[PDB]
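**Q** These are the residues of each chain, in order.
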Amino acid sequence: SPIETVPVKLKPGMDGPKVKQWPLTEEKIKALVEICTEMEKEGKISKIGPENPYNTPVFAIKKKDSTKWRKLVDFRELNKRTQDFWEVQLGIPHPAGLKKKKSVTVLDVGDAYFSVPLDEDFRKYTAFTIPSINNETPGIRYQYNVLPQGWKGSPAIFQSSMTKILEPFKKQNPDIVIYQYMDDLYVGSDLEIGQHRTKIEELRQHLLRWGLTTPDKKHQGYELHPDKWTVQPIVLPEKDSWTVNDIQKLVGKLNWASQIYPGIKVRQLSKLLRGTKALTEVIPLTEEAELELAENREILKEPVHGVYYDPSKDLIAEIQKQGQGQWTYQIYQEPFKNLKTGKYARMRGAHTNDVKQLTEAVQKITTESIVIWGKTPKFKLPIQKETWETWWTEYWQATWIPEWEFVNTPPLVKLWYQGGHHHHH
Amino acid sequence: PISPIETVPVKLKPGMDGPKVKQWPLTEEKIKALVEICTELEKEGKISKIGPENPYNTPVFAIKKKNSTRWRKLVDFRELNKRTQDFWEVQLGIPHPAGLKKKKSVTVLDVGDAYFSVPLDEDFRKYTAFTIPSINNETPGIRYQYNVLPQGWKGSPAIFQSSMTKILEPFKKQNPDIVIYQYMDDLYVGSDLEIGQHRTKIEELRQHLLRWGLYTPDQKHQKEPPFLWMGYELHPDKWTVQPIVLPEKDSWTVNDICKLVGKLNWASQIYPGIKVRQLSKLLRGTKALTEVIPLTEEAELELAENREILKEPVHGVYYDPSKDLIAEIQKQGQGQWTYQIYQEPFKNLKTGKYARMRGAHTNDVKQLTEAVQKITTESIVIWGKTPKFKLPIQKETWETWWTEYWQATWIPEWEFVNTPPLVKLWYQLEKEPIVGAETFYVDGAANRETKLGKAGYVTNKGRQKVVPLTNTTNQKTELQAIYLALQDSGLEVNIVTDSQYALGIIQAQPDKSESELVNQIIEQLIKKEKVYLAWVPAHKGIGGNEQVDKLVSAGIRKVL
DNA sequence: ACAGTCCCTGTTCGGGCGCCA
DNA sequence: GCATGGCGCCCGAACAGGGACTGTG
Ligand SMILES: Cc1cn([C@H]2C[C@H](N=[N+]=[N-])[C@@H](COP(=O)(O)OP(=O)(O)OP(=O)(O)OP(=O)(O)OC[C@H]3O[C@@H](n4cnc5c(N)ncnc54)[C@H](O)[C@@H]3O)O2)c(=O)[nH]c1=O
Ligand SMILES: [Mg+2]
Ligand SMILES: [Mg+2]
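Here the protein sequences come in this chain order: B and A. According to the deposited numbering, the first sequence holds residues 3 to 222, 231 to 435 in order. Taking the deposited numbering, the leading residue of the second sequence gets 1, the next gets one more, and so forth.
No lab work stands behind these hints: they were computed from the structure. Beta carbons are placed, not taken as given, at the ideal position from N, Cα and C, and that holds for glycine. You can take every hint at face value.
Counterexamples of contact, computed for chain A against chain B with all Cβ distances above 12 Å:
hint: 1; residue: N137
hint: 2; residue: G141
hint: 3; residue: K201
hint: 4; residue: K238
hint: 5; residue: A288
Restraint ranges, calculated between C-beta atoms of paired labels, are given here:
hint: 6; chain 1: A; residue 1: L517; chain 2: B; residue 2: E89; range: 46 to 56 Å
hint: 7; chain 1: A; residue 1: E432; chain 2: B; residue 2: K20; range: 48 to 58 Å
hint: 8; chain 1: A; residue 1: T27; chain 2: B; residue 2: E399; range: 49 to 59 Å
hint: 9; chain 1: A; residue 1: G436; chain 2: B; residue 2: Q428; range: 21 to 31 Å
hint: 10; chain 1: B; residue 1: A355; chain 2: A; residue 2: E399; range: 15 to 25 Å
hint: 11; chain 1: A; residue 1: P412; chain 2: B; residue 2: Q428; range: 24 to 34 Å
hint: 12; chain 1: A; residue 1: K558; chain 2: B; residue 2: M357; range: 56 to 66 Å
hint: 13; chain 1: A; residue 1: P14; chain 2: B; residue 2: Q428; range: 50 to 60 Å
hint: 14; chain 1: B; residue 1: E399; chain 2: A; residue 2: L517; range: 30 to 40 Å
hint: 15; chain 1: B; residue 1: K22; chain 2: A; residue 2: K64; range: 28 to 38 Å
hint: 16; chain 1: A; residue 1: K558; chain 2: B; residue 2: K275; range: 23 to 33 Å
hint: 17; chain 1: B; residue 1: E89; chain 2: A; residue 2: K558; range: 54 to 64 Å
hint: 18; chain 1: B; residue 1: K20; chain 2: A; residue 2: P243; range: 32 to 42 Å
Go ahead and model the full structure; you've got the sequences and the hints to work with.
**A** This is the structure:
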């Protein structure tokens, strides 16, 4: 009784990944060495030498409600070089469903993949090197022999199986929608939370009968609710009186806004500052001014036109630090053509660590993207490369990792995406 | 004896063949050395004489050893390496004494002819062919072909290190409690057994290797407190760098300065306060190793003060996992920072410095933050954790900062220490406009062909000014304007502008810069009492913004 | 209303040196 | 006319990207 494999043709003129390993902490290493000994015992991975010219970094993480360490490979770069494989030859289709469901749960089904053996040729590319503290010894190198947790190509192969494992469950529950994105399974229903959870518990079960494992938690809501997700846009402050400074700033936003919506008119308001005056000096809004203002304030309600998602393009996510622990982001494909826009609040049961927040925020944005387009956005992170590369792993909690990019560009547009409208009480 | 360990399979890059580079002129005297050596490696079976059919070759040569008492054969496989498959290096970093724990007993061994004890993949051997000239060069010498790891190959270092790890795997399993640091063929074995028991294991090990071909000459430290390891002197309770000898000379060449700073920087490990800033400026701009650069004022001085530090030797104390670490940093000089990590107050675990100045305009907080991050990383590499920080910065200063800077930012657990100088923001821009203060509307413009420029301001109190500029950039002018506005400003001023570029630099509260102008703007800002810069969309006809423009862009965009 | 160009700044990569082997 | 791998530092050139003029349509 043999067990087959799918050959993973790598794209022409494509070289494997060669990324140096980033230094891990005392525990991270410890746990990683253990995870690796077993995996090597259970024949999941095998030790390799330096004749193999490839590499990918790895690290570990400890999830919420969980006190077990999970190995995590950053095949992010391998994914990029193996895209035609999992996005064309064998691609998991994204159903517009759970975007709509009232509740979605995410299961770490990924462990299933260890079950199928990985092609022999493609194996060379799964190499990884474990570092040693204070460099006692030269890094140990291993490579997978089975579908690995984190490669987009793994979920591409298992598709054949996973579908069969689910035909039954999908039969008795014709309304629940399940999406498989990498190591995860998004299970969404319109049922009641109590019943929902139960159906989930039933799904976990269904999986066990087919030998699949789903890490369980120490159990101290969690699940995502694609309803309380609301795209909230720009709001022109509303005040009783107005000063030059104010009108200027207002024309600021409005001007910037005219880029998103072309309806914004600034003509009349501009007239108010017709001539060089002092800043604190007060100015009364005229008849034609007040109209225009309100005229504009109205426009900012109807979202732009031409915001049609297009799978053939990347997905870009931008985060703005609003401070006070408040955050804001926009996701788009073409400039000024936002596909969504939300915010991000404070931590419950935790502290206010500037970085960590972004980390949480980034993950937040990512799943929403998964659920909605079944694709990951490219993040433009508002933090220095080092600051971030120093601690994002220390707070990370997802099996996948987005493609980030750094950038600095202050609120020149003077708080272009936050709270402004507050008149006297 | 060669080794019984499986060879690592190696190949040349596709489409490429072996090297056929001829042997170059060698010292008749030197040759002796190689001929001597090759006769040995021959009987030992490490290399082999080869026939006429082998078309490959590669120039070889010798070089004095550690004690110049012998010679190490080297090969110039530079041409081979380029035609050889890539390898992933398994050497990730370098051990460090400060990351070492105490052990009742210690020993350190080395492997005689280490490379030369690891079999070289068979089929690859062809290309390792070379040629040894005759003592008088009458007729072709002997053509030899390596059978073991040859020095000067991409593959040797990584092959060995990987193979040397496989060898130590069994041994390591059986004695989990022994500690073995392996850098190449260099072994440091430390345990908590008794001197005698120790020697035993060491005998197992030394023998264990011997079964694998890893010979072990009696030139390995046994019962000696001063352990010579990785360039350090390892003592029972303390350690230090090995004799560090700064060069002493009247005039210096570019290269001489390098050797210097590299020496001094290697001393920064434990010798606190070492600075190479100025000394480094000497090698600014394209130069040549030979060129003889002159030691300026500072440099002469720095090298001096830096020379008076290496006078009284220092020591570092080993690592105790039983108590969290501490890293303290202080502001050395403008841009420069030095730190030291310890567990006990006076007993420095290790020291260092951080001078890298990143960016055009920054300030101290940001640089301070950089060091924190630099050390944090370096700490995880050595100890695996992040230490607690003692920083010369007001808890209040920082909070203001991270809660006002637009980028995400953070420092780990840290406590304030009042050890001057102290980091602080030198001024803050007002959140709201200041009542009853001259409101300067400022701009400037320039011709990207004539390079001429007018930077001007105009206020609500009817005051006005424009200055002409020789060769400037449309950006700088906008800067100049704000300068003028700040010069001619009062003590409380309002400045509106259309230049994000400008506005941008200023909003991050800089306290340093490579830009002359900015330092002036900086200086001027400190002196101020209540500043407030505003922004306004250019060419939008707003308030005074409209006017200044009209002015400053007078003779640069009139007609074509 | 959209390329083509310029200024300015940031990141990577290569050279030299130090240190270990 | 003199090699290899690894890390560190410093320097500067090369390449990238983003806002703002500029010219032509
Ligand atoms: C510094 C340096 C290192 N390396 C690479 C290649 C080299 N591996 N080898 N072979 C490995 C370890 O460096 P190491 O500094 O240990 O040199 P190596 O191992 O080559 O020789 P080693 O230094 O260990 O030998 P010595 O310390 O000079 O002498 C040891 C003594 O032991 C006796 N001895 C050694 N071998 C034998 C034998 N087979 N039979 C009898 N006596 C022996 C002999 O009397 C000699 O004085 O790093 C390199 O390529 N270039 C370099 O510049
Ligand atoms: Mg040796
Ligand atoms: Mg301007």
